[PDB]
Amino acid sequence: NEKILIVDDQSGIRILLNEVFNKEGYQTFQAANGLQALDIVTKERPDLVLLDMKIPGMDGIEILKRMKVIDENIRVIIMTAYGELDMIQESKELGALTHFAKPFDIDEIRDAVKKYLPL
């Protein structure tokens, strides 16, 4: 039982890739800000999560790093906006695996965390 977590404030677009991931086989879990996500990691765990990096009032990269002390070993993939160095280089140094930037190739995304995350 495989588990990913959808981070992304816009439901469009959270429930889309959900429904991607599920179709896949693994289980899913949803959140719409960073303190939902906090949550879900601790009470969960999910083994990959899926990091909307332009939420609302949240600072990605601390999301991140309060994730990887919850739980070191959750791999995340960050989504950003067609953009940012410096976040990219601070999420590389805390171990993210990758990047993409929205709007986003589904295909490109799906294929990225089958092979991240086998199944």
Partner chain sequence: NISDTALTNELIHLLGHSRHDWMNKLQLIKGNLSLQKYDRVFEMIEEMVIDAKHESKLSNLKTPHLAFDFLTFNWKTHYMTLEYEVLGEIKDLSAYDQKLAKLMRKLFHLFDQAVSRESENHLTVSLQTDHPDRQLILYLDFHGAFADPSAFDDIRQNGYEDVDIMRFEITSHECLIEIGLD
Second form
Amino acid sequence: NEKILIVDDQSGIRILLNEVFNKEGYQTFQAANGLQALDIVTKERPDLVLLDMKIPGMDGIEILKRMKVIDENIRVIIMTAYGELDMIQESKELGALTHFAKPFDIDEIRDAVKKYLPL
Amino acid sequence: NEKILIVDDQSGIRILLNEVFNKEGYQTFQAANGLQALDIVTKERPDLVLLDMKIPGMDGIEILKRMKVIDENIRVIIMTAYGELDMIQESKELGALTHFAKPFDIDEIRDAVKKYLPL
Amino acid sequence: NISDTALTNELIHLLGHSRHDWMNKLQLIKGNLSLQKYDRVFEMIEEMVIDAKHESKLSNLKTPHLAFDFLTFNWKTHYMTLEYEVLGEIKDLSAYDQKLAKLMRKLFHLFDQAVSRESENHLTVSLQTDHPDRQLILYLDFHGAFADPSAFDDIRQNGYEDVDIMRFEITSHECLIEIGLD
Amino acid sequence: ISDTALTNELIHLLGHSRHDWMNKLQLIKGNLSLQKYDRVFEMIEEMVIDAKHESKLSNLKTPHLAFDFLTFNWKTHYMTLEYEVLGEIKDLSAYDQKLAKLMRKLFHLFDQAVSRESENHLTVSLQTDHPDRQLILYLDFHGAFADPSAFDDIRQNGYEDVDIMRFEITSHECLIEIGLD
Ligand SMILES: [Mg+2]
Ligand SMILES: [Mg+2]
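Structure of the form solved in complex with the partner chain, please, following the form deposited without the partner chain?
So here's everything in the complex, that chain up top.
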């Protein structure tokens, strides 16, 4: 019954992660872009959000900044490729719980969510 | 008891293919570079040869040209990445049976060898 | 020898993107490899191989400027994703590099003003060299959502320079453009 | 857009990178078929690591050096280059020109020194986290020589402003250690 938002431009990645948090009985949502995410946040008000940084159009930092305007207590775990030291740092200052560099272990990602997510 | 020479700079690929033709009871040989290959051809005189085109130092076309001087009846199947239309064409004119574009199916490559290889 | 410091820094920036991309593709492979969807992994790998095939064909038409625009499109900022294919044997379309590049830059710009930003927009461009009547045909099959389709009305009416716009359908979420060059 | 000269170079380069990944996929696909799953994950990890160092090297504000290493295996050489950056990234820009020139020199020597029938491999490591030096460079070569004498010169008269702290060379290996202040 816990809500998790998956935000990545890459489709296969949304599918992958979606099929992961369902095995953990989570209520999964997914957006392929900034605006789509910001709506799902407004309406569904998710608990945890897995945000890609490199999304065409509106990047993670920009949407992470906006999600914050909506719900200041938004739990965000950013995911991106190693070598995005800028955004990784910026997202930390903006209030991102932690981050995962692709290609991450389908395992430890599922833990970090169970971790950062209450009951 | 049939001799097959694997020539690729890429180690893992040599290992891969080697562990393939052994399951087929073939006598496998492997070289990482041109000269090493030319020697194994001189001495061992292999039946079939799997030759990579992009090898640092002495490329396939150059060694395939030399293997010919040694044994005109040398059976050579070149393998390389798509987009090497030049060498693929040159090798065909020089006497290459066929070819395979990486990443090829570990299966059809094994047939092509059983095919092009007598008994 | 030593290359220009300007170029040297650009290539590093690009490879940087390419790298980021492949890390995602591996993410896909590794991810599904763990979910034990083996059949799916081979599928993906084949898609990657195909993608690459067209990447090289495009790089072998002697049309560098166009190739570069397409190859780096997704790394620059846009509100739609570009996918491309080259249908037919390669050809020395060099005589059209500058023309095509400029044309696409124009179209891409129009789509940017036309597409919506809440929608997931995708554009596929195909280069046909194998056509019997034309020296080369260009297909743009877009699909997403518009916010101002009007952006095209102009070009739709007055065509474009010396290119032949054989078709230019635009529905509610799709758009199909067909351009011939000879 | 940009200059037609550059535009064509970048396409040539991506071309190589592409060819490489097609081989890496060949490895994954190949082993994926042989059903050596555990092996696949291993390779994927290696790829991820190689990538990591590729990025760190691209973040030391040392473009010219990074470009030389990044494109080394695409140019013609009688040895393969592998490299790592040990330690947190730093703005080694003050050394870009120096290092680049230095490595070009060394690479050239190895070219005339290494044998061609042998499988030569050279690993270079850049250490930024050293306490005494601003930056150390390790070159751990392994293969076979045809003319080790090529190094005699540099080995005796050192090299300009760089400190060659170590330069062992056995029958098939070579270990160079260089410090920069
Ligand atoms: Mg992404
Ligand atoms: Mg090779």
